[PDB]
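In structure tokens, the next block holds one chain alone, the form solved without the partner chain.
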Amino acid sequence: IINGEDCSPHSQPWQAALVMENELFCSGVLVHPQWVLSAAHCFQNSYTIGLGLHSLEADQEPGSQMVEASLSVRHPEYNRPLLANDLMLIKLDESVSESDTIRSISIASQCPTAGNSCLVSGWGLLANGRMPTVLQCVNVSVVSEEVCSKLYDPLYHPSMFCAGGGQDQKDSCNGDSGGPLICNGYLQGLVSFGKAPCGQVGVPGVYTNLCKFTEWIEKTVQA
């Protein structure tokens, strides 16, 4: 997260950490007591998932859980075309009992509105290139489809939308992939990709356009 701040602890109780070999490589979002939504490009054969975290040390985060998962359902058109449809569902090995620090979030049914202020959170790199010790939060504004489509031509696909890109250089960065973009209290997007370097004036980041996928998400969790 570029030019954000520490989240208030446990203010984003849907945030999931995806870790392997004791290192975070992606986030995800709890969307059901037994299901984490993440970017398909974060796919692994299995996952160690940290829920209820703030720092990444579960022993220092009372109420947190480290759980295992191995069933992934990538979207059936993930990466067709290149970078599109960047979402997958991870089935936890057991349901979590939700709490004030581990809680699912509802997915937006309405598509994003240009100009609206949203929140993105994650443990990815800071403006100084270092990794934060605790979950970071920053506000970014949704950008219009015409701006997104021209800036990311020819890879722009309706499975994508853009947010950020302001002179304030508030943006997502490496390591934030798969984490949430919250708009009006609903899960609107997942961090997907952006042009390098992070935090460029005039370059928004690309987010998975979850309003397009509610049927596939619901059918997958229900099946």
Second form
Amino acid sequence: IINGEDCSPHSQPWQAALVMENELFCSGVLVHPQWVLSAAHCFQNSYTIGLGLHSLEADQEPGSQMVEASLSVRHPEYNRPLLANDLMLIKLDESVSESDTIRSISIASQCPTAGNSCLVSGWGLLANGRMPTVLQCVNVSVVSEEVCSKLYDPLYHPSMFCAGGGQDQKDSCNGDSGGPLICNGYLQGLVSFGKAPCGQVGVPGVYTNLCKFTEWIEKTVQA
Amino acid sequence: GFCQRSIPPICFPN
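Following the display of the form solved without the partner chain, present the structure of the form solved in complex with the partner chain.
Every component of the complex follows; first up is the chain already shown.
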């Protein structure tokens, strides 16, 4: 997260850390007690998932869990066309008993529109080029589909939307993929991709457009 | 120039 700050501890209780050999490679979002959304480009043959976390380096905070997940499924149209349909569902090997610090979040029942006020969180790169230990949070605003399609020419697809791009240079970055973009209090997107470097003036980040996938998600959950 | 924002990221020629 570029130009954010430490999140208030446990204020984003749906945040999931995806780690391998205790090293984070992506985040995800808890959407049901047994189900974590993430970017399809974060797919692995298995996962260790940190839930209820604030710090990655600290001792087990009260309420935190490290849970295994051995099953996941990418959207059938992922990367067709390139970068599009960037979501997958990870099924936890055990359902989590939701608690004060581990909670699911619902997906928005409305698609993004320019001006929507959002928050993105993650453990990805900071403005200073370092990786944080503590979960970071920053505010970004949705821009219009036309802005997104111009900026991300030639690869804009309706499975994507854009947020950020302000003169404030607030953005997601490497390591934030799969994490939540919460707009008006609902899960609106997952961190997906952007231009390098992150945090350029006038260049928003790109997020998976979850309002387009609610039927696929729930069909998969219920199968 | 586009990169999928995992760490390490997945970057493309554009």
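Between two forms, the rigid core is defined as the largest C-alpha subset superposing within 1.5 Å. Residues that one form lacks are left out of the comparison. Residue numbers count along the first chain shown, from 1.
Undergrad: Once the two forms are fit on the core, has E68 moved its CA by at least 2 Å between the two forms?
TA: Shift of 2 Å or more: no.
Undergrad: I182: CA shift of at least 2 Å between the two forms after core fit?
TA: No; that C-alpha moves by less than 2 Å between the two forms.
Undergrad: Aligning on the rigid core, what is the distance the CA of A58 moves between the two forms, in angstrom?
TA: Comparing the two forms, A58 shifts 6.4 Å at C-alpha.
Undergrad: Look at the Cα of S97 between the two forms with the rigid core superposed and state its shift in Å.
TA: That residue's C-alpha is offset by 0.2 Å.
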